[PDB]
Each structure stands twice: as structure tokens, then as C-alpha cells.
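Let's start with one chain on its own, the form solved without the partner chain, as C-alpha cells.
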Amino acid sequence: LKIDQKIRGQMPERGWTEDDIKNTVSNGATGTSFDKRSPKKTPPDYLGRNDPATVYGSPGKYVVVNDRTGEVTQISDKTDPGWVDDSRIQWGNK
């Protein structure tokens, strides 16, 4: 699992400690998404991403991880009961 500066900054704002993220991931995959980032959106490497990603956790309380790199790409705000889940996430079994 890899946590970049962006995610580290969001963690306390969104109610996630590293242990919380690890526990949610260990609970098992709950859906799928993608890590499709343009080159400029991937500092400091600037290589870009076009990889499958897996969702862990539940609606309003989830984390998304790049399947190839292990990078946490998105985390929901668990401190906002009204968090709007990314509608593009494919939950459960297809």
C-alpha cells in the first residue's frame, strides 16, 4: 500500500488513519473503479496512470487502491455523513 502526499493531507480531514485504511482493505474488496490520471496529475513521477483499481469499505466509508501500484487514489470523507459516493464505482459482483 502506498500513500502519497495528497492522500496524507486528506486523511485527517476525512477521518482516516493509516491503520483504518489498512483494516478496511484487509476486510476485502467490495467494488471496482479505475485510476485514470493524466501525466500532470501524477507528481512527482508524471508518468500518468491507466490502471484498474479496487474499492474497499462501504458507501460513505471507502478507499480506492490502484491494483498495479498499490497507491491509495481516493478516500471518502467519513466525517461527512452526507458524503456523495463516486457514482462511477461498480459495487459488488458484476
Given for the second form:
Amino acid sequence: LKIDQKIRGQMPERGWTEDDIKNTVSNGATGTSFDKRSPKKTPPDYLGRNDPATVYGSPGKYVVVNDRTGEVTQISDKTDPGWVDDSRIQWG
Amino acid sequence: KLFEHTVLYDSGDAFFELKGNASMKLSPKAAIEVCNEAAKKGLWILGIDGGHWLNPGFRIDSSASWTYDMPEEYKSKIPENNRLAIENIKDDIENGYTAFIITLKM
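Let me have the form solved in complex with the partner chain next, following on from the form solved without the partner chain.
Below is the whole assembly, all chains and molecules, this chain first.
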């Protein structure tokens, strides 16, 4: 798994621990998604992404990982009981 | 949390007063205000997540996620970081996004 500075900074604010993420991913895939990001969304390299992604966890308590790069692209806010799951996520 | 997840904050000041880093839902206007305050405070903007406010409820759209890892010598690059962050929010507004969550290095 690759965790950038952004995700690392979000972790404590969204109720996630290093172990929380490792344990969630170890439990196995629970859904799929996609990582589409225009070049402008990824400075300073500006490479962008167009890759399949895998989801781990459950509604409101999940992590999305880029299948090619191994990058964590999204972690839900566990402190928000009303978090609405990303529309691209397909459970199952 | 010091703020409410059921509220779409419309003032950048709320972000700092209520410690909303990486979590508070911000209106487009508030998001821009937070970016300007960040520059004034000398803080690097690590990321901006865009989505839609469902009144209530926030639904993130991963395709709107903006990320900018902080370089070692970053102080001279804050103006660029700030410029790109604001430009990003403006572009998302053109694409119909109605809520943002900002992550600062602090």
C-alpha cells in the first residue's frame, strides 16, 4: 500500500489508524471502484490516473485502493455517521 | 468534532475556529476562503476533495480529488500551491460540484 501525505494527514481526522487500514485491507476486497483523475488533479507530475480500483471495508468505513499503483485514493470519514458512499463504488 | 457534519459551512473562519481540517464540509465560497487563509498563515494545502451536498449528506466523487504532496523546500512554492488549489476549486464549480473538504499540512 502507498499512502501519500494527504491521506496520512486525513487519517487521524477521519478516525483511522495505521492498523485500522492494514486490518481492513487484510480482511479482503468487498467491492470495486475506479480511479479516474485528470492530469490537473495530480500536480506537480500531472500524470493523472485511469485505473481499476478495489474497495475494502463497509459502508461509511472503507478504503479505496488503485489496483495498479497500490495508492490509497480515498478513506471514508468514520466520524461522520451520515457519510454517503462514493457513487462509483459497487459492493460485492 | 467541534463542528456538525450535518452543516455545510459557508465561512472559512469556521474551518479554523472549529478545527475542521480534512473533515468539515465547505461550500464553494468557504473553500476558497480557507485556501486564502492558508496562504496567509503559511500553510501548505495537501488536498481538496470535491463532492455533492445532498442537504444533508456529503457524497465524495473520487474523480474530483486534488492532491499536492509537499516538497522539502516548500515555502517558496506556497504561492503556486495556493494558486493551483483555487484554480482547482473553480474548475470543480464549473463541473457542478457543490461541497468540498480541505486537507492542510498543520
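Only the largest set of C-alpha atoms that superpose within 1.5 Å between the two forms is called the rigid core. Numbering follows the first chain given and starts at 1.
The Cα shift for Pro44 between the two forms, taken after rigid core superposition, is 2 angstroms or larger.
A C-alpha shift of 0.3 Å is found for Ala29 between the two forms, based on superposition of the rigid core. Core-superposed comparison between the two forms: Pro81 shows a Cα shift of 1.1 Å.
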